[PDB]
Structure formats: structure tokens, C-alpha cells
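For reference, the chain that follows is the form deposited in one PDB entry, supplied as C-alpha cells.
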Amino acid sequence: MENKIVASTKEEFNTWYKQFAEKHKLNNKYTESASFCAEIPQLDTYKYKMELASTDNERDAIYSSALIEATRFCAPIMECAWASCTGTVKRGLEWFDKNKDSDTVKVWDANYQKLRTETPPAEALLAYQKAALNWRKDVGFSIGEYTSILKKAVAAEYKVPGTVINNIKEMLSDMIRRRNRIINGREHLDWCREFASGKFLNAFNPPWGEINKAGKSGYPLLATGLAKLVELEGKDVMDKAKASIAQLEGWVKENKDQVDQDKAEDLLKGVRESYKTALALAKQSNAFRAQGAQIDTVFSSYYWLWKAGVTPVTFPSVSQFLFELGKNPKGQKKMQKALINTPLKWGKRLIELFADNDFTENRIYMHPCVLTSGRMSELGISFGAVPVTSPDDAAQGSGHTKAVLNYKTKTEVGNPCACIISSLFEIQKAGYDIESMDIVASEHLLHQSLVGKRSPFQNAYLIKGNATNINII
């Protein structure tokens, strides 16, 4: 049981990877990172087999067989190997020994048993999301685009082929409808947007009346207005609002001779109260509670290993387990038996972290540290695409759902990412009742693809904008 991907620095890993890549002839023709993808799999045969299937096990077998076929050869071999390497493994686990007692980790880890049943508070999500960015900085996880924090804007348009466009619009429409269920004075929004975007002198002339006028709810209209702008455009609006209010202070002190200093101070104290009231409403809202529960794949992966008592000695058994798991068409219930039956100790402890039975609320709200049967794909993509005890076996191929994000987005090669996502959705709706399911995996794959997530190992919590507002073309 030796981890054969030996590399304790960025430079030592590159010497391993270039040696591995030129051996196996890794192909970046159809994928974003270099992979074993020599062709785009045509999955329509599974959609038609699914139409004819009668029992639930057959549909599970057809659906998993479709996912294996789709994903087995197209894993990001650079980023997978980087996550699984001896350096990243030792540093990644030991961070939790170093950081468990801090504010950003303890709020969710010490309450793990509570979060298995209950939905988390808003600050526990913010704690998690800070700790994830701390983990990436302290370990030094970024070695390029596909392992970095994304700080980009959401794109205005998303370019899909003509053969799939109709089904992509049905998925997005269902995502819009799902966004509306979790959620549940017209020029005010346009004025509040103008103010936040930089026109700070608007605050002297609020169209409703005084700057701190309360609406029907009893909350300031500037707070309500900024809070609704968070739900429509994203939490980037509150960063812009704080930048505008700073300029308002700068102008009032630059031009004290033009103003009544009492009413200027009553204005600035009023705007700061409405800003904090807008933060309180945004965190309290369901739109944030879903957004904040976004899993950082590799961070939560390493958290679950540390929670199950895994060390650098026992890591290769986990990597080897996840590799073999992604080869056979395995239903989620069969995997639970495999973790029970395996004599290794982590196998038992990892099954006890599952929260499949006892979570009554909507699963989108579940805190992203809690493991489930579906979230084993987060571990599978992290450590399972390349087995560390025998790296060459990767050429066989190990299917993981998060390997679909490695497919290209470019119309030059027919946009294989959108075609696989579209085809997988047709397979799911044919076999399973879609609106009964809380999270549909193909809709979750599309949501990441829309916001510009090109790899499972990227963090994308700090993306400016919404996937909901995008146009399909």
C-alpha cells in the first residue's frame, strides 16, 4: 500500500505528470484538461433501453451504465493526480489537525451530528466557505486555472448546438422553476441599482421620500431594495453598495461647506443601518441558504477522509476503493454494502457519516460538509480517477459524475459537455420522476457549466452573477 504519485512540490509533480502524460498519450482534443478521451460517447442507446425497462434495478443499472460509459475515459488526469499526490495528501489531511479548533471549522465539524438531520444556520455556511478558501491558501492547492479560485462574472449567453438546444431550455426552465420555489415600487429597484453601481449622489434625492422610509414590512425600502437585488443579480451588488457608500462619505467630508453637517450625518448613519439590514435579509433568505451550501469538491473530500480516520498510510486503500467503484455499474445501495463488507476500518466509519435517512428538509439546503451516497462522487473524482497504488491502471477508465465538467464547451468540437449533460437528462426523465427529486445531477452539472466552472477542482463560491439570468443560444 504505497502512494506511487510521489511529489511534495509543484515542480516535482510536473516532472511526474509530463512523464506520465507522454507515456499514455493524453488527449486534450475533446476535453479541457488532458485525458484518455479519444471520442465523444453516443449515449442514445441507453435512453432507448431506459424507455423499455420495467423494474427499478434495471433503470439503476441502465443509468449507472450510462454514466460509466460517459465519464470513464475523460477524467482530468493532471488535476486528479495533483489532488491524490503524497504532498497534497499529507498537507490536506494535517490541515484539519491544525485548524479544527478555529472559528471557521468548529461551527460545522463539532456540530456534525446535528447537521446530519437539520439544515444549517447561515453563518455555518459562511464558516465552511471561508475554511475552504483557507485550506486552498495554506496547502497551496492552486497550480493553474483548473485548481484555482474563480472570480469571474457569469456570462450573458451560453452557446449550445441545435440538436440539444430544446432539451437545454427545458432543463434551464426547470432550474428557474426550482429557484422560484425555494424563494417561495418598480423604479425603486432601478434607483437602488443606480445607487449601488456608483451614483452615490442619488441618496440626496430618494424617490419614495426620506432615505430611511419603511415599506409595508416595516423594513427600510433601501434595505428591501438591496435585498431583492441580491436575489436577482447576486451578492456582488452588496460589494458595490459598500464601495458607493464609502464614496458618499468621501464627498460629504470633501464638501462640508455645501452641506448641513447634522443632516449629512443623519443620512450617512441611516444608509449604514439600511446596508446592514440588507445583509441580514440576504443571509436569512433561502436563495443564499442554497448558494452557501455549494460544495467545494476537494475540500469536503479531504474533510470526509479526516473524519473517517484516514492517514497518508491508509489513503491508497481509499484511492484504490474509489477507482474500482467507478468501473462496475454499481447502484448506490450496492456501494453501501461494499463499504460495510470491506475489512478496512475507514469503510465502516465512512458509512456512519451518511445522512441519507434522517434529513427531512430539502437536500439543496444540507450543509456541504455532510456526506451522502450521492456525494461519494465528490470523493470519486478527487481520488478515484487515478488509483495511486498503480497509476498506469487509469488507462482502463473509472467513471465519476464530476468528470463531465472536463468536456469542452467549444462549438469548434460540437460542445461535448452540453451534449453529454443534455443526453444524461433525457435518460433521467425517461426512467425517474424528475420533480420528485430535490437535486437532479444533470441540472447540477449544467448549473456549474453555465457559471463557467471548467473543472471539479476549482472553487466557484465567489462567482459574480446568477446562472438563472443567462440566455441559451
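We call the rigid core whatever largest set of C-alpha positions still superposes within 1.5 Å between the two forms. Numbering follows the first chain given and starts at 1. Compared with the form deposited in another entry:
Superposing the two forms on their core leaves just one of 103, 392, 260, 97 with a Cα displacement of at least 2 Å between the two forms, namely 260. Here residue 200 counts as shifted, since its C-alpha moves by at least 2 Å between the two forms after the core is aligned. Superposed on the core, the two forms barely differ at residue 151: its CA moves less than 2 Å between the two forms. Once the rigid core is overlaid between the two forms, residue 361 does not reach a Cα shift of 2 Å, moving by less than that.
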Contents of the next structure:
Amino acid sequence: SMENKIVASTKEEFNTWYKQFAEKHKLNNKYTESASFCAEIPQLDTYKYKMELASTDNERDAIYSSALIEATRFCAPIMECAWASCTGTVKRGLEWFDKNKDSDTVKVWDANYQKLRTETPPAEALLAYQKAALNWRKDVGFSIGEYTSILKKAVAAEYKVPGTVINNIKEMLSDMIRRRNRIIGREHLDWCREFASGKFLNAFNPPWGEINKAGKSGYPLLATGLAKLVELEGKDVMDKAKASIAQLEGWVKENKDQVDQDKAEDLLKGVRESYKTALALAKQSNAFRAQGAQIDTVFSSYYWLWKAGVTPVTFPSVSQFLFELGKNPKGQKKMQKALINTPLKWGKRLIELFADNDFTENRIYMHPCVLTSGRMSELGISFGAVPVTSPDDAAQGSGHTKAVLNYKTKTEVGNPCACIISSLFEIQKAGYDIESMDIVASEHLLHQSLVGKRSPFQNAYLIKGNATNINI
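Okay, that's the form deposited in one PDB entry, but what's the structure of the form deposited in another entry?
One chain, no partners, no other molecules: that is all that follows.
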């Protein structure tokens, strides 16, 4: 029969289920964050040599698919993949969109889907989508632990890798930075940075004279400074800036005997108008057109099942399909063939969520709610690592890109994560031209790592700072 064998309406029930599954299958925490089937860190070099030899494109596609599935299939985070694929999570997760379909943080991208299959979205729908992701995650009750949670935290100053891969990791980082810069004062900027975090009393003594003083742009100096800040150091600055204003206010309230009321209230007014201007400038930053479009995998996955008309009953067959897909990969053509050929009804309805082929602008600007053939992997890691009609078959392994994130980054085992990311990167270099690719998947895996992301089921959006500023 086609049924969901993982039956839990609550984190507790699932916990029981998974203690049992984990013990039966000897899930192991050696090299992976979450317990998994991973006994040994894969060796991808043979794919590197083979890839050095390949004279045709199809072969390079197959060699990279192979390399990927080889590095992935046994490292999937069984606990979170399972939890995300269980009965309760599937019921609530699908039911969320029926209640929230018409809300203002959903309707913006949803009702506009067909359009989004072609043209890049405004900033508004990016913000909306991210809010909706966090909301679905709160309402559904998706967090059973740190690997399913919302990550709010500062990007670590340093990223440790072993001397074997340090070369590679660095090359990747430089190409990444080059790419970010491609996506897009002196005293003023440092005064703005100091104000944004440490010194809010700096607002009493602006370097340019009056705090709200306009520059060559007619835009306030503070505003553009903060903007350039969000650009270089990441949007965290804005929050920090606001925090500082908070302090300012607090101070003005705690000691009001030291200040003149009228011009204190005008000071505050000023900093606030400047901050609103800085926000507005950063929302259109065009660097927000990218970072805003960062996908929330499980959320977009459930959105896709919903949009494709999937339900608790038919979900197990999708889980099944995905599971097979993690064994026998399919490029564009093969995916389309498979999806149209299946007698099952969600197959055709999936490809009708696919964007155009044939999508004009750069794809990092594509909205995170839109399905494509390359994005099947998201579903792949959500519902596919563990087939829910036959959970034990998970022991065979199902390769899905984000599986890489389940690898530990810690130095005692010698950062398997970075090692695999690096092997993938070399392998790609061999057969493909790096600089000329719209996206580089190993690079995005790396981006996810540097930013402190240990799971596919973690939400990385609210993280503090820019991964490109990291020292490795």
C-alpha cells in the first residue's frame, strides 16, 4: 500500500518512533551533526579524474550527479528528514496554506506565481515570503530542536578548515566575494559603523555638523552611510543602528536634566528619518534582490506540494518518487519525462509549477517560491531521504545536495563538511567553467556553512552579517 509509516502527531510520538528507528539502523553521530548512515567520509577524487577525461556535456552532468550522490546518500539527517516527512508535520504543514493563502505575506507571491515564472519579483514579495516562512514555522510547530530552528546569531569571525583543503576553500571564497561584488565616505563610514553598534552618544557630535545634514545626493549622510554599511557588512547593521537609537532614547529619558528637550526630540526625530531612509535605500539595494530570494527549503517544499494539489493521502507517493530520485538522478529532460509519464496526478501538476526555460534575468534573482527542475533537490532533501512507505529503505541512501550540510564542521574529525564541499568544487572546476556559471552549488553549500548553518531544515535568513567577510 501507499501509506505514511512514520506516524506522529507530536514531537514526543516522533521521538519514540525515531529512538526505535535509530537503534534498529544504528544511526551514527561520528561524522555528521544528526545521526545517519554515514560510516566513512566519501572520497570523490575518482570522479575528479573521470571528469578530467570527459569530452561531452552529458557525461559531465552524469559525473557530477554521481559525485554528488556519492557524497550525499549516506549522510542525510534522518531525524529531521523524518520529522519533516511524518504524518503530523505533513497534515499541519499542508493545512497551513489553506488558512494562510489569503494573508498579506503570502498572497503577494502566491497570487502572482505565473508572473514569477518569468520575471524577477520586487523586494516586497521577498520580505513577505520570508515573513511567511517564519510564520508557517511557528504555527505548524516545526521546531523540535536546534536543527529545525530559526537561526538568529552573528556570523563567526573565522572558519576553520584543514591545511589539505584550505587552498581550495580560499579560492572558492574569493570567487564568491567576486560574485557578490558583481551583484552590485571614509570618516563618515567609520562614524556610522561606530554609531550603529558601539557609540550611540556619537549622535551628539556628528563629524559633518548637524546629524540630519544632506550630502551631494540630497540624501542624508547618515542614511547613505548606513546603506553602504548594509552593503559591506550585511543588513544586521540596520537592526544594530535601530538598537543604538533605542539606547539614545533610553539615555535621553534616563538623563533629561543634561539635555534641552526640544532639540533632543529633534535629534531623535532626525536619526529616525535617516534610518527609515537607510532602510528604504537598502530594500532596493539589489543586493537584497539576492539575499531576500534565499530559499527556505522545507517551507518552499510544503508550498510546492500544496500548490501541486498534494495532500496527506498522496504525499507518500511523492516521498517515494523523491527517494528514487536520490538514487537515479535526472537532468532537465529526464525530470520532465518522468514527471509527465507517471500516471500519478501530482506529476504533471509539478512541471506546471516550473518556471520558464528560458528565464531571462540571472537566476539568483528568481523568487524562492517558484519551482524549477534544478530545485527538485529541495523536495529531495525534505521528503526524499527517507521513503515513508518503506522507512528502512533509507539504509540504501538517497543523495540530495543539502545533505552536505549535515556533515560536522568540527576539527576533531577534521571538518568533513569543508572537505566534501571542496572535493565537489574541484570536481566541478574540472568539467565546468566556474566564473561563467549562473550559480555554483558547492559555493552555495560553502556559503551556507560559513554562515553557521548545520542543517537543511534550519532557517538561515535572520543570521547576523556577511559570510564573505569571514576569515578562513
